[PDB]
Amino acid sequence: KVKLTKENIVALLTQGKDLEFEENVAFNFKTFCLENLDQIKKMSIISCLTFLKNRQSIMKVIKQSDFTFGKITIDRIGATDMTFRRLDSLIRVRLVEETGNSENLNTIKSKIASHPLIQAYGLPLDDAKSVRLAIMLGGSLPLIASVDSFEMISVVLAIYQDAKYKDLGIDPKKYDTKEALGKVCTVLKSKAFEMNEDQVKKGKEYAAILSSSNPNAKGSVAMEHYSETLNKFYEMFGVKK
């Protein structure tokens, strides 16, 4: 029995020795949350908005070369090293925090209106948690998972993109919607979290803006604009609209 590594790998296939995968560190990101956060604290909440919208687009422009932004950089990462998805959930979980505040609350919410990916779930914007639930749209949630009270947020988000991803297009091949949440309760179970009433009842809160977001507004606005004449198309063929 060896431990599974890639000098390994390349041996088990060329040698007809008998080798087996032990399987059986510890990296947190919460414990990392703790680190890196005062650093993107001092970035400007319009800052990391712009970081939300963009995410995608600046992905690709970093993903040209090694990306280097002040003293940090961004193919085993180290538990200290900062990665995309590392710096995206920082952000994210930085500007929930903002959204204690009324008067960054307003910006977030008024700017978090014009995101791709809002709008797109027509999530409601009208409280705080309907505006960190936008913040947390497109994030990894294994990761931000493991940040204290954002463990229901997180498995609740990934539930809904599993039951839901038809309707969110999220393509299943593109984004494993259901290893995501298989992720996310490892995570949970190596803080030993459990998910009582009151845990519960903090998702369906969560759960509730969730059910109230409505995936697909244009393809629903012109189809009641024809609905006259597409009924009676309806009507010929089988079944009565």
Contents of the next structure:
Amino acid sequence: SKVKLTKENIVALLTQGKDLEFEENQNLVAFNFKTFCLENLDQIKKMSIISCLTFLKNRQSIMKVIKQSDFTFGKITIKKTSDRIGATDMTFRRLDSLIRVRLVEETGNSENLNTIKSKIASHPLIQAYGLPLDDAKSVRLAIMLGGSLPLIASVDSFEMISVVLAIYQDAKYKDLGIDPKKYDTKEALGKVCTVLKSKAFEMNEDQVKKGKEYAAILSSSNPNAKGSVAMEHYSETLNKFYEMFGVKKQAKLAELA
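In place of the form deposited in one PDB entry, output the structure of the form deposited in another entry.
A single chain, with no partners or molecules, comes next.
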């Protein structure tokens, strides 16, 4: 019946009259971060709450260094080769995701919640989002900004905070200064949903209740992306050029004949 996709079978597909079909799956299972998280979370737990927050704050800078070469810390090594990642392999996104899950777990402790709330108010994403940091749910949202939503969504109880944040990022991508060329905000929401359906997640009344509480906090936020702030800083002089680009007539007072 169905055969494996090979150079010889493509030749058979094109030169013979036999019905030929290829086996598309080529796998056993899709990647599951919930599983990866249970097996790898303890390893990052010997980190400091402060250090985890430092990782978050200097994400882009830290990522660059990890990307320079095969990054090894302890028993774990983050390979430079982007292609071929095993379900056991550690990538930057997976490291980033583990740390955020760890940070949210720590928000169940009153002391850690206060350290996290104080420190994360200084993070660039939190200020750009204009995120109000009052209660525990808002602090959790703060930890989530910039994280891989489709990965984190697979961890239990992270479903609603992930999908609601994805919706908000889709709706307000312009105000949040998200470049559509670098981050497909619709595709992200799609991947999160794929993850929820894979673990048979049902959005009952209790889950919707949680989500709205998350959504309210996101609504109460005042997004101020770096780009729009940069124009505000120069608006007084930028406007003087907009005026000059108003209506103008060509070849006025030519006086020809």
